[PDB]
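*Asks:* If you want the building blocks of each chain, they are given just below.
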Amino acid sequence: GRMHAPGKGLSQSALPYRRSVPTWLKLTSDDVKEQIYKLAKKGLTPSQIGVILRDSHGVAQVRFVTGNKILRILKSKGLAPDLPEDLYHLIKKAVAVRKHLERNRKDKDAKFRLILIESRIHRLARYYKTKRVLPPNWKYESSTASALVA
Amino acid sequence: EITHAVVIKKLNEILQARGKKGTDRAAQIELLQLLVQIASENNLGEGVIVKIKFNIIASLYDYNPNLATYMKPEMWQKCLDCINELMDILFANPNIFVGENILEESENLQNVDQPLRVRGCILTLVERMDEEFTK
Amino acid sequence: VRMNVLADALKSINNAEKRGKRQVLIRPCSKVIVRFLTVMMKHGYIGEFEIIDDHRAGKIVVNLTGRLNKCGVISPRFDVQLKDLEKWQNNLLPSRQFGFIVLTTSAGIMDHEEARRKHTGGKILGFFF
Amino acid sequence: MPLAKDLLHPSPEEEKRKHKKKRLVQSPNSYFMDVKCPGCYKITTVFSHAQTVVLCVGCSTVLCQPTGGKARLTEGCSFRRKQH
RNA sequence: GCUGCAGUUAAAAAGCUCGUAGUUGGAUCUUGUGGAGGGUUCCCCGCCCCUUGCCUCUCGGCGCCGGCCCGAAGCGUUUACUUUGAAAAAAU
RNA sequence: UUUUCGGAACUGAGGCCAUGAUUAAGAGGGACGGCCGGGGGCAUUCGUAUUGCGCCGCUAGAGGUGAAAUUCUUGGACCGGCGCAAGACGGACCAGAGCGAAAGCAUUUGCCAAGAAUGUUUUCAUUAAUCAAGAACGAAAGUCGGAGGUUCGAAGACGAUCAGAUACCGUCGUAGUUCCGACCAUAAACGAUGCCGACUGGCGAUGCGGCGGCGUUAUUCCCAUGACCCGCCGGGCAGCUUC
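Protein chains in written order, with the working numbering: chain A, -16 to 133; chain B, 519 to 653; chain C, 4 to 132; chain D, 266 to 349.
Errors might be hidden in some of the hints.
Listed below are the simulated SDA-like cross-link pairs for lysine to any residue, each with C-alpha atoms no more than 20 angstroms apart in a straight line [stated by the list, open to error]:
hint, chain 1, residue 1, chain 2, residue 2
1, A, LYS25, B, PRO633
2, A, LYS122, A, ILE100
3, D, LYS347, A, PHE47
4, B, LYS538, D, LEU289
5, D, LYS335, A, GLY33
6, D, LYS347, A, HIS40
7, B, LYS653, B, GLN551
8, B, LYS539, D, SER276
9, D, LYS281, C, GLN26
10, D, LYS270, C, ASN17
11, C, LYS62, D, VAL290
12, D, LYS335, A, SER(-6)
13, C, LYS62, D, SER276
14, D, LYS285, A, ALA(-3)
Think of the hints as simulated: they come from the structure by calculation, not from any bench.
All chains should be built: construct the whole structure from the sequences, respecting the hints.
*Replies:* As structure tokens, this is what we get:
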């Protein structure tokens, strides 16, 4: 199951077989696009974007009112970020850990957990960088972690 | 205390947890009051406190655990004082004070949607308040 | 993980038949499992079977009888060259007279008895009897 | 198990009370709802597990509340599914 | 002990976790009809869109009545696998 | 001499393509929401006992063992009362209960970062499994340098028991036990049971999340969310039952 904990668990989303509209709805493909573009200005990232549509607007999902994903729509403009938010959130966490570690050198538990989250960055990086989604010279270090999260 | 950016962002971050199970639900009003009585400068405005003033008489709403009830008359009079003050700020002045640019000073809220039904967010309040009196 | 799908499949229908059942549920439905069970149905060891459809990979449900004794998998997949054949089938079958080693060839998936008449070797998959 | 039970055609909720990814076809256990209370006279549509505060444009400015699952509504009826 | 071993107590799972090499890895991209060989549908030509994918042609044969048709020439993105040939000293 | 023909190379604007994206694994990663736990770090608070000290009261024995003795004692012990100081330690409550990778982890309150499970019609689209090299943590004892030293206590000195008694038992007592900074890498570090995945009986419980319900119960008088009752769905520590 879990990749750095021993646990096992199910909580996965389950989609219906259907996939019409379904009937009840509005905002033709085009309407949904301009509704999205406004949100990305405000710093709402693709995961947040689909949530804020699904909770309060008439969409089931933005993959059955468009022929594309949420991210590809943003990418066609050129307004997509230069690294995926997934990678960003890993790096975002580990800097605060390193701050706490400098403030407290006797928190061996934090030091331990850092080894996991550190190694999990490098594995993820080796997906993107082989697929030509990152430069083949980019590496993860303390210095590059500081600058890239800011 | 320093150019209406820290200020504005803390506005953001106070008008965020607005809903959830952890509200305190009355010391958000209090803390909106602690960006005004410690708001003692100048031009900038008298000016743009109006809108905060909305939001904050909106604190003077939302405290209330739901729509069926009726509003401790002290709460009622505090509401009034707010609204009344937010006639003051909005005769004297006329610039319209969640939009119509001037020279600048000192915004930005063209950039969200329209100056104007957030301008038209004073009629809303007052109708609401009619209704609360009715309750 | 679920490295090999077919290998996890057969153990269910093997276990189920022993206890005394006649309906099962096997997932996640590979095309390879379909053509296997087709050959196994012709000879008469199982009955007609229903493929449920999902977008994920499907699920299959089978109706079976006590005629089956055991179907096993042989993994990893070795080659046969129609002289290696006799050595394989001796070890894996209860008798010369019956039992059916299955394999895949460029002429499709079939029993060993058919492959010998087409002069086709290939990769062995499992067996049954 | 009685060790002979059918699995082709299940009972309407005595064999569809199971976990949603242990059913024959995967179904959600969630639904939408068409609302329109008074605090905000508009026909709003909202998902059952809100996950976030749904805002109002009327006198009110809150409609929901995200808890650990479904979402606690408020003093406004407005209910439907519809169909799904 | 590959075929074909064992590790709770008989000899025996690193104190525990991370981790490169190595090994291993989900699902998904085509079926019916006349003739021929074998049954009563099913396994060399073709047909629905495809059928040994194409052309382009030009030089040296086959045709039919200048004009026209079809074999050989580039090949189907690459391999493993399998099947057929070639080539394998004698003695044993 | 000049075009022409052929080959080759490079540039613009326009037609024609159904003009080009398989699904989202009862695989994994990531976001989001409400919770949960003696998980970890830092700061802070509290209790009683033990020992020592001062003061007050009464008088002869007190310690200890199977039985004794060493030892303690009219400058008075033990005992009773009152106050103060030092160091150590978190009882009963505390359970085939919980959390942690393992080693391990119980007084108050706050701060600092971390994590599991569950919920989700959110996101990514195979990003995985196990592992030579290499890396982090790793009880107690021990070593080095500082602080501290109540209590217990290897060593050691005594008293008994024994033919003998370097022991079991009693008194005293150093190192150590405690804290801070470096080392040391070992244990019956035991479920003596590798890790990941699939399939195959029944039954009653317990901890956590979610969902469904004839009702009692809290308050503000009334579906905020609390307690008790019944059932259902996940994953977790365990038990009972059998050809």
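*Asks:* Please go over all the hints and tell whether each is borne out by the structure.
*Replies:* Comparing the hints with the structure gives:
| no. | hint | verdict |
| --- | --- | --- |
| 1 | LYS25(A) / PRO633(B) | 17 angstroms, holds |
| 2 | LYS122(A) / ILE100(A) | 15 angstroms, holds |
| 3 | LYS347(D) / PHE47(A) | 18 angstroms, holds |
| 4 | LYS538(B) / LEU289(D) | 37 angstroms, violated |
| 5 | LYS335(D) / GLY33(A) | 18 angstroms, holds |
| 6 | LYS347(D) / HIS40(A) | 15 angstroms, holds |
| 7 | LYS653(B) / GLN551(B) | 27 angstroms, violated |
| 8 | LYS539(B) / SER276(D) | 39 angstroms, violated |
| 9 | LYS281(D) / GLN26(C) | 19 angstroms, holds |
| 10 | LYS270(D) / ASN17(C) | 18 angstroms, holds |
| 11 | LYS62(C) / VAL290(D) | 9 angstroms, holds |
| 12 | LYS335(D) / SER(-6)(A) | 15 angstroms, holds |
| 13 | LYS62(C) / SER276(D) | 19 angstroms, holds |
| 14 | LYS285(D) / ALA(-3)(A) | 7 angstroms, holds |
Consistency note: the structure conflicts with the earlier hints numbered 4, 7, 8.
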